[PDB]
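Colleague: Fit chain AM to the given chain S8 structure using the hints.
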Amino acid sequence: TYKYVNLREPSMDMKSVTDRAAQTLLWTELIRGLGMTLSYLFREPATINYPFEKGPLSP
Amino acid sequence: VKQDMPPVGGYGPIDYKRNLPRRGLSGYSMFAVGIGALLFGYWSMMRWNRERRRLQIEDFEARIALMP
Numbered sequence: 001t002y003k004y005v006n007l008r009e010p011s012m013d014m015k016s017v018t019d020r021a022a023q024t025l026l027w028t029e030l031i032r033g034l035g036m037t038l039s040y041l042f043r044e045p046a047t048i049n050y051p052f053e054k055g056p057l058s059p
Numbered sequence: 005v006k007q008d009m010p011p012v013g014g015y016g017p018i019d020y021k022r023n024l025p026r027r028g029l030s031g032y033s034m035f036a037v038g039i040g041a042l043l044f045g046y047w048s049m050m051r052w053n054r055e056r057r058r059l060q061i062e063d064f065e066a067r068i069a070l071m072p
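Quick note, the sequences are listed as chains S8 and AM, same order. Taking the entry's author numbering, the leading residue of the first sequence gets 1, the next gets one more, and so forth. Taking the entry's author numbering, the leading residue of the second sequence gets 5, the next gets one more, and so forth.
Since the hints were made in silico from the structure, they are not lab data. Honestly, I wouldn't trust all of these hints.
Partial selection, computed: residues in chain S8 whose CB lies under 8 Å from chain AM [as the list claims (entries may be wrong)]:
no., residue
1, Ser11
2, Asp19
3, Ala22
4, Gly55
5, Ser58
The C-beta atom is built at its ideal place from N, Cα and C for all residues, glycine as well.
Bound conformation, chain AM alone:
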């Protein structure tokens, strides 16, 4: 008999080509969400600094009424 190592009846195909999923929410939508999150941070910054100026005027009233 013959007992080499033969290819056993043919072998299935091996993938042989590039494959790129290329996703990632192309520049329109992600550009938009970047500017939108930036605007959200701006508006919260505006509100908090106005409240902070209120508090700073109260501390000014403290130093004024203390002084004499």
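Here chain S8 stands alone, though its shape is the one from the complex:
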């Protein structure tokens, strides 16, 4: 079984081409990436203070 990638073309429907051109001329999915990294801005950070909390181990 093979499930391969990218056998598809952007179809030449007028709404398809104006949405892709709006992606180009208006930087939309770029701003979606900005929203992704801001969603990781507002998280609580996953760090540990070392010299007071040493890291976990195993037996």
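Modeller: Here is chain AM on its own, set in the frame of chain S8:
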């Protein structure tokens, strides 16, 4: 007895596929609101610069009536 680590009675499914919400008011409507906000700014710009030319004529009258 035997005390290994067995899979406890079967485990639930784990999501295993891409999932894109793909929203964001596709280019028709947002193209429209861009040109509409641009037109709104144009009309306010027109009104304010006309009022500003009125004031500038009043300052011209000031420099004219002062001069002699």
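Colleague: Now, for every hint given, state plainly whether the structure supports it.
Modeller: Hints, verified against the model:
With 8 Å as the threshold, the beta carbon of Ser11 (chain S8) stays out of range of chain AM, its nearest partner Cβ sitting at about 15 Å, so the hint is violated. Taking 8 Å as the C-beta cut-off, the interface hint given for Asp19 (chain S8) holds, the closest approach to chain AM being about 5 Å. This hint holds: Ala22 (chain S8) has a C-beta 3 Å from the nearest C-beta of chain AM, less than the 8 Å allowed. Among the interface hints, the one on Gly55 (chain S8) is violated; its C-beta lies about 24 Å from the nearest C-beta in chain AM, farther than the 8 Å criterion.
The closest approach between the C-beta of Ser58 (chain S8) and any C-beta of chain AM is roughly 15 Å, which is over the 8 Å cut-off, so the hint fails.
The structure fails to meet hints 1, 4 and 5 from the earlier list, while all remaining hints are met.
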